[PDB]
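Take a look at this one; I'll ask things after.
Incomplete set of chains, arranged as in the complex.
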Amino acid sequence: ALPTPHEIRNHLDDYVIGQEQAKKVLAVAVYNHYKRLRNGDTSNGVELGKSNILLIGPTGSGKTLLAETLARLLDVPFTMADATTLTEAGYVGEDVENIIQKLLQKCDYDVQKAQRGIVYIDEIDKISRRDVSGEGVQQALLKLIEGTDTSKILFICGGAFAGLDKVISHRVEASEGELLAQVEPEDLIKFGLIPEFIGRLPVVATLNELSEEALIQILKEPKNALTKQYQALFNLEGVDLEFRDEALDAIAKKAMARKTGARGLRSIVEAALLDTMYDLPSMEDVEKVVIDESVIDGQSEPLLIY
Amino acid sequence: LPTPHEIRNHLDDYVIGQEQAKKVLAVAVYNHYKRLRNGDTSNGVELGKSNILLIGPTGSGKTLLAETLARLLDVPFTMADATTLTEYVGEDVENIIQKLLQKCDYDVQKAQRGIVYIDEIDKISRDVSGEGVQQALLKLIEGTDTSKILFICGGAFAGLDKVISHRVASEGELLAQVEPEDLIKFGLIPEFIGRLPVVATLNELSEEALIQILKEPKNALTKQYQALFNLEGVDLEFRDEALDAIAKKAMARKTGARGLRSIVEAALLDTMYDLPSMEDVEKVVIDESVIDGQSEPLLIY
Amino acid sequence: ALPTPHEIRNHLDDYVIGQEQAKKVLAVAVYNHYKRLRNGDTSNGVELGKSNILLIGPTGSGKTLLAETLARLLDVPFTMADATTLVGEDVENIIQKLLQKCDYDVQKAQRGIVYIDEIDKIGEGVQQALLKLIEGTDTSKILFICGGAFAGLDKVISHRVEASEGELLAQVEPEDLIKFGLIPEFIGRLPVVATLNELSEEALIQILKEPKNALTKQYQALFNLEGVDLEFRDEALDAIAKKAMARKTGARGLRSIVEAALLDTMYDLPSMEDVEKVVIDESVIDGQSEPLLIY
Amino acid sequence: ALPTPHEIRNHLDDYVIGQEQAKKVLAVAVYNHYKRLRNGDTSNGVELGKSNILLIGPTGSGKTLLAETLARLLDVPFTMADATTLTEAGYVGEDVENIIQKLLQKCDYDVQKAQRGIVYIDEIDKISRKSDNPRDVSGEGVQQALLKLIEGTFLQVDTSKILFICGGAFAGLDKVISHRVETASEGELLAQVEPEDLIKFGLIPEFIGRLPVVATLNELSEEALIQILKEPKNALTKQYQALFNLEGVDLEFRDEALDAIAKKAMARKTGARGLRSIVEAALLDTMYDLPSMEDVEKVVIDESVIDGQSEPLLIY
């Protein structure tokens, strides 16, 4: 029994904050897609158009988080992929199908459930035209969107599109949130995306403010997360670095107030652990624990356990 | 083989207006396949390959025509963009061929009967990198075989309407006076234009054109959303005032036929969001729900 | 076995009409270039001079065609390049392109020919950058052929020699190109200078008939596989020539005229059942009356 | 045995004056860098992030001296390079690896020690492609070229192990920061510095991300400059006192004169750099007719520095 767009959006409120309009578009785009799979590709003599999605929002806005939750709420296999690891290769054409084998991997090799799966491509704005090779993916990955079958699987392309806020202004001529609503297929064309690619992404969603939980994940989940990197730098000191949740959240908030987004996470953490790293090799303690009082107030020093 | 008349008649079911352009495409396509069957050489004389160059605004139907031509002739069809090649791309030029074989079941013969449509040709017009493609992709036109495959190059040619005037009414009347030398000054090399003998010109679609595009085509937008609403147990009815409203919205945005979908989605957005959570008979879309996207669609229980 | 300038020019008469002087020059220049490659750069203690070619003629005179034809008649790799496009590291791009069509064979690529279009357009940096190639750093073996219209060249020559443009282009000198905009070190790398005349009214008519690939023969063969005989009257062929000159398109604009004159006919041709179709003058110049239809 | 950040900072106090915050940052950055090379790129299943440095401070604030000192204090091969020498050439991306051969040169061609070396690129702010102070296409190419080094790629030496320190005045950076933080002094503003501020300045996102650690330098104050003329083992006063010393004459710099030299330096904004050019023009006349006299000592008062009207006192 498929969840109505009302239900889909409802459970999305539990994992992501704000972004109500985008969550309305995704709820509809997702519903229609699976509502088309169950019934069939052809419906009453008419062929239904595949409605793939394009997420446009700043880094750490929750683009990745949204694509993940949609899969969990529909108990459907989910896999990620970076468009940057695809650029500059003709052999990556055999690496574009790699994203498919990973889908089957987390799908127990079930062909049918795999076709119901969702694929999220991060940083699509990066491949927009090296220019020839970068585009090579736009057209290589393009073969997937159609389906050779990848026709059934839903595609979600996320991107920050920094320069997108400028091209739209040169055409529509409020705030970035107001300008990103005026987005058009021709706007992405001037950005660096090919017409045949954009035509495959009918559904276009836009995010506004950053997501506290999104940023918090960027400081933890990634294999190269700041916290992980520092924990390892403190580790070769014979010192265990622990980040308390309150602290992480504190950090995210600071990054939003400064509108620096994920890009400004390090500058914060660095000033937070600056004093500690300086006089750390001059002490003898088991671990250092970072609290919220240390991050927000910047008043109290990080705790120390001997 | 279907006569040029038949080809033009089947194109009337998928594309609207552009009658002159479809007359040229019908003859060019007919002569091309008429040549392949007979042979490259005919009665001691060598026949000239007649490739096509579509020149029309964005959303005029340049791409649709191409796709339709292939379907009406049960011939493999592949698309490609010129901006993709500009600036190691010589080995990416042959990529368009492997894609043609992919949709051709790897049959060498049927692949030669295939049609290739390169979009945004006007973009590569120089700068050394753009020209390098006009000469690299040029190696395909002749054939090295890519000699048998039909090439259809499409483009908007924004600055073309200006150079023609500097040499020679409306843009449609000015695009009829187009000459090989006009594309030269535009940015295309002599050797390239000479490979594109046939030149078709498309006009700027009006209101009634867009309206029929939303209705007539077997894959019309309305038919699609009606089918989507249909598997919900609901009937979708687009009032005439509503469809004309969509067309106008499209014209105001200059997006042509391509902007049609983005318009239809916005209007039906709220509706499809709370459709499966109701229990009615049919939904009626009117002009008040499109032009301003203000009032909600009509719900009959 | 190298083809004599006689033979070379003779096979040029099969692809290009007129320009008999241009083709006599290209023949000797090309013959001597490869004759030097086979024998060697140094010959009998004397170092032979590399003879590169400079093609000067109106747009659509046959410059590009002459270059291409030279390559085919010598089974030698050929590659074009636009001087307007030119970038120092892009000058070597013309080379890799020559290797692409040469199957990456170093020896056959050195036997190759390169045509640089619109040299009159260039700026100076290119004249000196592309200069490094002419010498060779190897690009010493490859034959270079620089084409150009040189609109203002007809004037500078007149301000010195003080007939027709054909007569003046024959008085062309290295110093004339100097005043034009070319550097002394660049022109000195192009010893051979070939001039092409303007395809006249009679020349254009011949281009429509004489060539093995003339337009009339191409359309007569197209109408031929339809069971129809296509006939072009002389008054009609002259009409097309006049249409091309008024447009200053030259021979490049010949096809565009014939196509528009045979558009309506080819459209409703497979729908008829006649013996032959005759193209008269009224159908070309006027474009009002339809071609004659004999059943 | 690696020196602690305390130790490193401590020894930096023996060559560079003030900039305490900047030295604390450099001390941690440098420590971490070599603490990583010894342990290994990967540590306990986690990959350590390379911590290159970006020096932001006015001309003659101590950027060059700090870089050089760090290397001496760690017996490590040091080499410099101007970012201005990279622009205007297409093959200059090969002149970038030239900085590597110069590293091996001062390192005795030892592959291992060379990887432990430190590189300092001056005037990075000058290669930024922006509308501020209007070649952009060639300048940006450098940021992306030198970039390949930061990551790491016939020396065979990998540039992944060598520490990079990119210095630059960043004149207009004071401004862009103020157009963001708005709702104090430049020192207070350069503390508010953010990777996005440099972006608007003219640096590409891929380059800034390679420079995680950012150390800022304040404008050497009066008292700072005065100390520079006295305290340093090779201070100007101690140099001129040495030149006058081998003439049988004692040179005395009244504090009134030293602060006067500082002010002259501040007004010109030349920082510590413009120090020697001031002292020379003051002592030019005296040193000309010095070997032609016979007195005990020459006393330099303020009136010789500021006014430059009066001549130094001569004690017979």
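Per-chain residue numbering starts at 1, and chain names A, B, C and D are given in the order in which the chains are listed.
Everything below uses one rule, namely that a contact is a pair of C-beta atoms (placed from the backbone, for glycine too) under 8 Å apart; a residue touches a chain by one contact, two chains touch by 3 or more.
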Identical protein chains across the whole complex (4 displayed): 6
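Everything below uses one rule, namely that only the chains that are shown with their structure count from here on.
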Distance from the mean Cα position of chain D to that of chain A, given in whole angstrom: 40
Where chain C and chain D are represented by their mean Cα positions, the distance between them in whole Å: 63
Mean-CA-position distance for chain D and chain B (Å): 61
Interface hub residues of chain A, defined as touching at least two other chains: none
Contacting residues of chain A [partner chain B, same complex]: 2, 4-6, 9, 24-25, 27-28, 31-32, 35-36, 39, 43-49, 90, 129-133, 135-136, 138-139, 143, 148, 184-186, 194-196, 199, 202-204
Chain C residues touching chain B - in the complex, by the definition given at the top: 59-60, 64, 79-80, 82, 84-87, 90, 93, 97, 100-101, 117, 212-213, 217-218, 220-222, 224-225, 247-249, 252-253, 255-256, 259, 263, 266-271
